[PDB]
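Q: The primary structure of each chain is shown beneath.
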Amino acid sequence: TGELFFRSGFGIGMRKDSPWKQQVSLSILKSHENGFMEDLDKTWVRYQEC
Amino acid sequence: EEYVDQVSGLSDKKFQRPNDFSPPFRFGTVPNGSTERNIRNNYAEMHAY
Numbered sequence: 749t750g751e752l753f754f755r756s757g758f759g760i761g762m763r764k765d766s767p768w769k770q771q772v773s774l775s776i777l778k779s780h781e782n783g784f785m786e787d788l789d790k791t792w793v794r795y796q797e798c
Numbered sequence: 657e658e659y660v661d662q663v664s665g666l667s668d669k670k671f672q673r674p675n676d677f678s679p680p681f682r683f684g685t686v687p688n689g690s691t692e693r694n695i696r697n698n699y700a701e702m703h704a705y
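Here the protein sequences line up with chains C and B, keeping their order. Take 749 as the starting number for the first sequence in the authors' numbering and just add one per residue. Take 657 as the starting number for the second sequence in the authors' numbering and just add one per residue.
Because the hints were derived from the structure by calculation, they are not lab data. Heads up, the beta-carbon is just placed ideally off N, CA and C, and yes, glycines get one too. No false leads were slipped in.
Cut-off 30 Å, straight-line C-alpha distance, at most; resulting in silico cross-link-like pairs (DSBU-like, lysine-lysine):
(1) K778(C) to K669(B)
(2) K790(C) to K778(C)
(3) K670(B) to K778(C)
(4) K790(C) to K669(B)
(5) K670(B) to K790(C)
(6) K790(C) to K769(C)
Counterexamples of contact, computed for chain C against chain B with all Cβ distances above 10 Å:
(7) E751
(8) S756
(9) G757
(10) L774
(11) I776
(12) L788
With beta-carbon atoms standing in for the labels, derived distance ranges:
(13) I760(C) to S678(B): 41 to 47 Å
(14) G750(C) to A700(B): 37 to 43 Å
(15) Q662(B) to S779(C): 26 to 32 Å
Pulled out of the complex, with its shape left as it was, chain C reads as follows:
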C-alpha cells in the first residue's frame, strides 16, 4: 500500500569502455520494442494468484 517515490529503473553494468556496452544497450531497446520483455514479465512476475 502506498504511492511510488524515487522511481529509478534497473540496468546492466559494465566497465568504462567496451563494445559490449553499446551492444547490450541496443539489444535491450530492440527487445523492449519487440515484446520479449512483456512475455518475460507475464511469465516470471505476473503470477496473479490472488
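Place chain B on chain C using the hints.
A: The following block gives chain B in isolation, referenced to the frame of chain C:
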C-alpha cells in the same frame, strides 16, 4: 460498495477475442502515429479490428 473496474493488459480476452464474448468491444486511436505503427507491427489482427 465501490471501485469495481480492472483490466489485465494487451493480452486480455477482450482485446484478443472481441467476437468470442459479449457484443463486440470497442477500442481505437488516431492513425499515422508512433503508437499506431507499433500496434500494427505487433498485433496485426488487433489493428485490423
